[PDB]
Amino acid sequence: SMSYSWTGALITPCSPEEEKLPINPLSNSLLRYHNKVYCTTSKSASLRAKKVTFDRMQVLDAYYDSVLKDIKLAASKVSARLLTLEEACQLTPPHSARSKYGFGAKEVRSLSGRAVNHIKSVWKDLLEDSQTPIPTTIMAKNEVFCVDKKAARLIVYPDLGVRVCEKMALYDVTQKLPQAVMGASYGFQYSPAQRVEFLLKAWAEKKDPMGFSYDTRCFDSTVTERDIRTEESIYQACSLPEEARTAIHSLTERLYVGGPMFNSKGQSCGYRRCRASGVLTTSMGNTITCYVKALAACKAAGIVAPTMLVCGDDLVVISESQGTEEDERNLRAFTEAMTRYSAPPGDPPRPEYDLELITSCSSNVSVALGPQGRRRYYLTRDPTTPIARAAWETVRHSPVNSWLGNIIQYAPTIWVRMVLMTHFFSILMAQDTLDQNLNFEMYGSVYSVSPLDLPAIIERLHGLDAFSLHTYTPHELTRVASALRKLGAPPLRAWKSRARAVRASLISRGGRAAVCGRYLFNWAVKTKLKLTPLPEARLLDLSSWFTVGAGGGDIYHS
């Protein structure tokens, strides 16, 4: 019942790691307190290992049984197909960890003979062997944060050849199952604006709304072998081809329920009996399992008219308040139920009665005014981590960055518009690489776009309002100002001074650059420009852009 067992071998790096932000003028113009920005490395891997290693005691009840029964029935409405090898390969990100069998992501995406022939044998083996555990590699993730340090997160994943096979057997399922059994509660199907709409709607439909977010301590580690086998039974409730059923059972028994882990040096590192952090089913599995336990927990605790929003292990519940004292009582009961289901809390949940203060996936809804003086709602978050990461990525190029993802996801926020856009467009112009497509992650998934196409992307995802919001809330302004001073970054008024110059340079360039200048920086001048709908905004193939990401899991798009 232990999440992990260890041999004693260390979790090793695949190359030297840098832990402190370098002193560079480009990064320094964004933030001066470089000593506050750090990156997690292999050095803290042992501390993390101890944190995620514990015994899981799970006891289910009638409430859980009832919800699961309902879920399986809903799953029967799903029909899915096996993805072709070619389709599976095209979903592989270009910088995906290479195989130990002689090929990398490049050969996969290009369908090289070597890659194709190996993948084929892996598939055949899955069909004839449903027992032999599949080996995985454990590594310490390198992530950037601002002090006030975190231990590195651990990632466990199978060989490239197996990752392609997972797509063939389950990608189609990840695209339909969550919605089928969860409906509107499935978070990954929404763009930021849709998430906002959902939360506002849920809040408004309650006579006396109360919300709370539940933080499960090390969710992946709380997932039991039984939980994972239950996930498979839910997958099998779908209408699937026999060959897929065989592959899915094999992957479950040989990979998902657990298996041996090796470090980068090839040494046996340990054995896993919980969720693998780096498999295709990580997000979908966490989402469904979190949903089942939470819905059952709500019923057992007496939560009234709960409306849930589930994103992997992230959970937010908005319901009818039963009074302050009752609410706190019900939340404790909820926690007790979640705990019995093997999902104890990291930080005890507390009832919240102001929507702007409720955090879902580190984000929250806030309000501002549009060009006509009307209230407009949008999604935002504390900008500390995004700015710290933007600084690191300015001096250390990452094949898959996070800043472009933050700019897209939080385009209407005051921090993206005044700080990130100003900073990156200045650097891109200086580098003269404005039109170059860049890979970035969003919702744990990998995407690729050109910053020159940002205005079209933003208008399509957030609307023209995204270029004209003003009069943000005191909470938002205070939070952004505090983040900047904490990082030693220039204040917003200085970013405004800089933006005027960036805007002018962009416009001087004409073409798409000028469009970026006129639309993205209209806020920087007192004499505002018109700003009409962009034609290319309609020619955009966005709609399920987030659904196709199905959370994360080594998935790539365009």
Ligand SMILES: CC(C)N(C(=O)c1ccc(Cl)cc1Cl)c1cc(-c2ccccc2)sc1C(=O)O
Contents of the next structure:
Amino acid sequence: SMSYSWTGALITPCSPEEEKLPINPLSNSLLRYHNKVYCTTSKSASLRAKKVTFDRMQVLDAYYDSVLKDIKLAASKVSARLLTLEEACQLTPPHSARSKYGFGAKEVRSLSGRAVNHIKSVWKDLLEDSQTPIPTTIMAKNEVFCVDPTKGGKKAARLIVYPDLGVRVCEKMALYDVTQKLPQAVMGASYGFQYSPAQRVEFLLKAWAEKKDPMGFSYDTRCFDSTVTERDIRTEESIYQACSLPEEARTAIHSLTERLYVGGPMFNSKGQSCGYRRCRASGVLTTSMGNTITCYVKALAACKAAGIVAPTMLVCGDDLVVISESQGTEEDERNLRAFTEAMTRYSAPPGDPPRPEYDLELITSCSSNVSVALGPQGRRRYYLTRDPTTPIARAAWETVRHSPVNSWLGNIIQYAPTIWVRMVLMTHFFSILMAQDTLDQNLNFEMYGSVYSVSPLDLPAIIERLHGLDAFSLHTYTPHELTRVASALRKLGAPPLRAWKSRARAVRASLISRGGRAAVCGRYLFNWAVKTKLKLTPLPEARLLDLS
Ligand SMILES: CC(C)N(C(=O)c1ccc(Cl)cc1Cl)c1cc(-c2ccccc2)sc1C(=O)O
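Target state, the form deposited with the ligand bound; input state, the form solved without the ligand:
First the chain shown before, then all remaining chains and molecules of the complex.
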């Protein structure tokens, strides 16, 4: 019932935390320098704790039972296997939090004796004990945002809850295969984490077009992880158990469910007993899959209870969008409140109350929205974009504080066709790379299921294969997109687009002078920066394929 119980001990940091940069070399233009970026820290952990701690009142109904029945039948169609200890170790990222048992990710990836033996006892313990809660560490996340004076004060840090490295590897052995198959099997096209930007755009355009009179809305659950109940989490296990699994996997899955997923004790970085959790833990293997399926079940049942007409939904964890047949504004709003009231009963109360949308460009899904622009031939071309405030705020931060994994590279790749990536991020970072003289250096970035390594000098080929040549010729963006980008730059205290356009010229010429791949990057990535455009032909793009 209560999402959390606290002892009073503080959520302590592990390393000295930095909340502001000494100098922001992106929010700078000769006579106008600013620094409105900030990073969340332990200091606001108590504030977040207060926010996520509340009573959950859950009451299900026939609409829910029905949808749950359908989902379990769909789940019975899946077969999954145990992952080999070796396979689970190999899936352990290079720097994931070390264990308190004398080893780190390095030792797990190389299968050192100490690590392997420890992992084996943890697995054996899971098979022998299905009751003893597994301890978790709770910590404040350090994430970068931009102050938004109008929308409110700085955001409190998100809280991360995760078990020891040894337990994490065992989770993969028992459930990794399931996480790669179950969501799509029960949700199909509605499973949002299966689409590339072009496919996501296509799904949305298609869903919108099939309605005679389309109406969409995004539903935002206030603190989704805190809203999922113990019942929800055991119900997730019953959905997992519907799959065809080896008895050994079933045992570990039940143990992991009763000892970890359903809840458990939390300790701060100092080892002090911090509290007890009775909701979703942010740092466990099943978080993404669990949230996605549970959000889908509740959302679909709510659609039925509210009488939403012909709903086509897209779900990304707790992020949900529903596009259906409009019944007129008056009726749509009535239907949306019924939907909300149903979601609430299912323990999925709304943060920002949902409102009907009748312009596709204004609907945000999985943090993005569809927009339109013209191709070199003058025809319309759709693409995925998003508010650039946070991506740029972080790009600025990662300019000073070099981090192992860059977010800017990821944003450039995922949003390559956007005007903000093209005029700002590409111009800025290629200028920085030439200044540091590290152009061909391979960098690591993330697309949330992996950490990739790529050389910026390979961006034109990567972008072509990912978004097509049109990514280098898009023009005539919408005023909504232009206004949003311009507003983000103001909030950030960064130079306006007209200034970046001037800068792009120099960056382009500098890249060309260097010849080679650098020249290709210049001619292709910045063809928008010169009045007399170069032609631009297909590249050796037909030589690669991505997973994420
Ligand atoms: C109207 C022309 C001059 N234009 C472009 O050619 C252009 C297209 C794509 C990219 Cl990535 C960059 C540029 Cl400069 C455009 C200039 C714009 C602009 C420039 C400075 C401030 C605000 C908007 S918006 C815009 C467009 O085609 O949509």
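We call the rigid core whatever largest set of C-alpha positions still superposes within 1.5 Å between the two forms. Residue numbers count along the first chain shown, from 1.
For the set 257, 379, 446, 210, a Cα shift of at least 2 angstroms between the two forms, after rigid core superposition, holds for 446 and for no other residue.
When two forms of a protein are overlaid on their rigid core, residues whose CA moves 2 Å or more are considered shifted, and residue 10 is not one of them between the two forms.
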